[PDB]
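Number of protein chains: 2
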Amino acid sequence: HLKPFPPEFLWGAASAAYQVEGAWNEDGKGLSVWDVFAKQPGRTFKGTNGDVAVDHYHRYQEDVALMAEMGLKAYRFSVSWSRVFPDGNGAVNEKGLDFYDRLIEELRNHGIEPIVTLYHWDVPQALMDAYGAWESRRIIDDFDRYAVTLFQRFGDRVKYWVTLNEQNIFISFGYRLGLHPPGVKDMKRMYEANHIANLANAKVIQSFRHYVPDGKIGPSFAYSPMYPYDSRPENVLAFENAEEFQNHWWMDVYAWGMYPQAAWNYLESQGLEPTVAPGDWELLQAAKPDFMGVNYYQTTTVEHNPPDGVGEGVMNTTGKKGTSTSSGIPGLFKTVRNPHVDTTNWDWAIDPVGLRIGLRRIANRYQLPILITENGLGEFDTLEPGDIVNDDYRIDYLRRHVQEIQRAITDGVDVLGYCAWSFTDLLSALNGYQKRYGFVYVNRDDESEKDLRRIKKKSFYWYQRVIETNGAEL
Amino acid sequence: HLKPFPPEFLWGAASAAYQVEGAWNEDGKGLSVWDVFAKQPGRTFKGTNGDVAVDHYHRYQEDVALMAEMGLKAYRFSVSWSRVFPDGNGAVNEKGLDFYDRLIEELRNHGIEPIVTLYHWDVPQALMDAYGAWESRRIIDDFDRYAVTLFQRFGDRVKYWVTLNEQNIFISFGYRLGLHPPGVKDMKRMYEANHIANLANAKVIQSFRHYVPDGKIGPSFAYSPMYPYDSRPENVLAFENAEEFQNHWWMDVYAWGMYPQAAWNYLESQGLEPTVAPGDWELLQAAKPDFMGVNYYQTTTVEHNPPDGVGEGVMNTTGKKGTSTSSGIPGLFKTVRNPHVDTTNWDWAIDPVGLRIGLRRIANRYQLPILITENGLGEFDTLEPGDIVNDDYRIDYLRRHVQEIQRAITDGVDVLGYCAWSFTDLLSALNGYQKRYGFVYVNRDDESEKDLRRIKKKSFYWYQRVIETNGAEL
Ligand SMILES: O=P(O)(O)OC[C@H]1O[C@@H](O)[C@H](O)[C@@H](O)[C@H]1O
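As you go down the protein sequences, you meet chains A and B in turn.
Following the authors' numbering, the numbering of the first sequence begins with 5 at its first residue and continues without gaps.
Following the authors' numbering, the numbering of the second sequence begins with 5 at its first residue and continues without gaps.
Hints are supplied without guarantee of correctness; some may be wrong.
Repeated chains share a single entry, so a pair holds when one copy, or any two copies, can fit it.
[Unchecked claim] Under the rule of at most 25 angstroms between Cα atoms (straight-line distance), these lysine to any residue pairs were calculated in the SDA-like manner: (1) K292 - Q265; (2) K324 - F49; (3) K292 - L372; (4) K163 - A226; (5) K7 - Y270; (6) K7 - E272; (7) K7 - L276.
The hints are simulated quantities; they were obtained by calculation from the structure and are not laboratory data.
Put together the whole structure using the sequences plus the hints.
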C-alpha cells in the first residue's frame, strides 16, 4: 500500500541560465566566467557556447505557455548574476532584474510556482578578474549583496529558493579537474575555494531568514550515492571513504556545519585542508536549510584502490558508449562499472533504486526534507517527419525514478517535489546540444541554430498525465 | 605513517558476573533470572549454569594477581544486581556491596583501572515476578536506585562506567528468539521492553551526571556492521535496511535520543512500535554519553529478501563449522555467508577490517569516542604437557584486530581503550565452557568440574608484551 504523493507535491522541471537563455550581451548583461571560458578553443564540445543557447531570453513567453499546457506545478530556473550586476558588485542593471520579473509574472499568471536558483556556475567575469571569484573571501559579501537584491525584489512572489547548484561540481571541476572556469588543477586551491563557497552559502541562508521569513531555502547537491563493489572488507572500506569524501564532505557541512573527521585528517595529512578563520564554524553551524536539494542522475560503485593506483580517468563527453574509465583517489577508492545496471550512451548508470537509496540515506543521516531539484535522461533524440519525437527511453527512465520516489515517501522520506531536467532541450556545458534532456525538443544542433522551434516530445504528454493524476498513473 | 596508541590507552580485559563469579547463593545473594532460567532443561548447553562458573567470587585475589602479572591497564567487570539488592528493590545487601569493594580495592592496589558494567543480563527474578522486569516502567526507578547505590559507594574510585551491556542482545534474545530470560517469542513485547530499557539507560546517565560529575559513562552495544553482498541496487537497499534495523535502531537512540524513521514506520505498519508516554523523547534526548561502548566480534553480509522469504535461521551453539543458516526479515534483508572472509568453528566471521569499518561508522555518524568493551576469539583449547596452551589462533585474531584499531586511530577515530574478552575462561550460557575466550585457561570442561586451576595461555604472554610496548609490538 504505497502512500500517495502529497497534495501540494511540487511537480516541476528545471533549467539554468547559461544553458538556456542566450542574449549573452543584451540589455546590459556583463560577461560571466562561462561566456569567456567557452570561447577558449578546446574547452567545450565542438566549441558550443551559450551566446544563443535555445534563446529562452527572447522566447520565454512561448516556453511558459508550453509549461502551462503541460500543467507544470513548479518551474526551477537560475538567475544570471551578470544580468543583475554586470561587473559583479557595482550598480544594479535594472533591465536584468526586469527580465526575471517578467518571467516570474508569466509563471504566476499561469499558476506555476517559481523555484529560483541563485547560482548556477556563472559568476561574473569581473569578480574573477578582481580577486579570483570563489577563491577569495570577498565573494561572501558580494554573493550576499546579489542574493539580498533578489530576495527583496522577488521574495513576495517566490517561496522556494536554491542557493548553490552543485557546489561539488563547479568547485571540483573548476579547481581540481580544470574542466570548468577558472580551469585550475590544484587540490589545495580546490578545498580553499570550497570552504569559501560553504561560508557564502551559510551567509545567504542567514540573510534569507531576515528578508524572506516565510520562504524555504536549501543548496542543491550533485548526489551520486556510493556502493561497494562487493562484501570484501577492503571494498566496503573503500565505500566508506568514497561516501564520506564525495558526499558527506558537502552534505555534512550543509546540514551540520561540520566537515567529516576522517576526510579532514586525510587532507590535513596532505597539507590540503582549508584555512579556517575565527567565526567560520559559528557561521556554518547557524545556517540550517529548510531542505536538502538533490540533483540525482546515477549511483557510483567503488572498490579498493592501492596507494599507487588510479587517479583521474577518462570522461565521456561525446556520447560514444563505453569510453569512460575508472577514476579515484590513490589509497582510498576508485570507481568500477556496476555490472548490475545499464548505462546511457554517456556511460551514466541507470539506477532508479539508487534514488530511493539516496533519499533514504539523507533522511536517515540528516532528518531533512528533500527537494529533488534535478533528475532526467540525457540521450540522442530523432526528429521524425511531422515533428514527432518518440523518446520512450526517456519516459522509461523518468517513470522508474518517479516510482522509486513514491517508495521512499512510503518509507517516510519527506520529499517536497520533483524537478525533471530539463523542460526544453538546452546546452550541456561540456557535451553540446545533442545530449538532450527536454520534454520539449528544440530544433537546433551543434552546427546550426536553425529556427529553434519548440516540438513537444512523447515524454511531454507522459509527464502531463503524471501531473494530472498527481503521480497515481505512471 | 600509523599513529601510536595514545599514552593512556586502556589496555583491558573483561568478564561478566554470572559468567564468572559463582557463589550464586552466598552472602545473601538473590536469585537472578539467569539462576532460574539456566536450571530449566534445554535452555543452556549441556545444562551448564553459573552455580560455580569459574568461582571468581572466591578466587578474585588470584585472578587480579594474574592481571597484575600481565600488566592490565583496565579490567571491565559487571556488578551482580541480585548481590546488591537480592529483591531488586528493597533492602541493600552490604555483603554484596562489600565484595565489589574488595574487588575494586584489589584492582586499585595493583594500578588497574576498574570499568564497572552496571547490567549484564541478570535482573533479579523478584522483579520478573513482581512486574515482568524490563516490560514495566517500574524497572526504570528500580534500576536507577541500584545504579545510584553503586555511584555513591564507588564513584570516588571508578572513572569508567558502562550502563547496559548488549541491550540489543538480551532484549532480542529474551523477547524475540526466546533464548534468554524470559524466553519470549513476541516482537511486540520485545520493542516495548526495548523502549523501557532505553528509558532506563537515559535515567541512569542523568543520575550519573549528578553523582559522578567527573566520570565517563556509556552503553555498550553489540555491533555487527552490515555489508551489502554486492552492488546490485536491491542488495545495497537491503544493507540500508539491515544497518538501520539492526544497528541504528539502538545507537541512534543512545547518541541522538531518536529512533530512525524508516524502521519506525515499518514497525508501526506492523503494529509493533513501542508505547510512547509524555516526556520519553525529552529524557532520551537529554542523556548524551561520553562514549559509545562497542562489543565487536564479526560483520554481517546481507542481500535482498522477498516478502515471502527467510525469517529466523539456525544458530551454532555446537562448535561444528557450517551448522548456522541464514536469517532475516521478509521484505527487508536476509543474511548470507561472506565469501571473502574466514570464519570460526561457531560460524562467526573473522573480519578485522570490519572493526575499523565499524569504528569509522560510529565516528562518522555520531562523532563519539569509542570504548571497545569486548573483542575476542572463542575457540577450543588443548592443555598440553607442561602447562602449555598454544592458542596461536587466538593471538592471530587479537593481533589483526588490534592492528586495525591502530589504523582507525590513525584515521581520526578516538578509541579510548580495548577490553579483550575474556581475561579467564568463563561460562558461555548458550555455548558452555569449551568455547574458551580467556588469556588464562581454567581447568574444567562441560562434564568434569575438576579443580578450576588457572593456567596462563600463550596469548597471555603475547598481550603482556602488547601492553608493555603500548601496542608498538604486535
Ligand atoms: O549537462 P550534463 O553534464 O549532461 O548534466 C545535466 C544537467 O545536470 C547537472 O549536471 C547540472 O546541474 C546541469 O548544469 C546540467 O549539467
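Hints, one by one, checked against the model:
no., hint, in the structure
1, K292 - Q265, "both (20 angstroms within a copy, 20 angstroms between copies)"
2, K324 - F49, "within (13 angstroms within a copy, 63 angstroms between copies)"
3, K292 - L372, "both (10 angstroms within a copy, 22 angstroms between copies)"
4, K163 - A226, "within (22 angstroms within a copy, 46 angstroms between copies)"
5, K7 - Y270, "between (43 angstroms within a copy, 13 angstroms between copies)"
6, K7 - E272, "between (46 angstroms within a copy, 14 angstroms between copies)"
7, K7 - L276, "between (46 angstroms within a copy, 19 angstroms between copies)"
Of the numbered hints given earlier, the model fails none.
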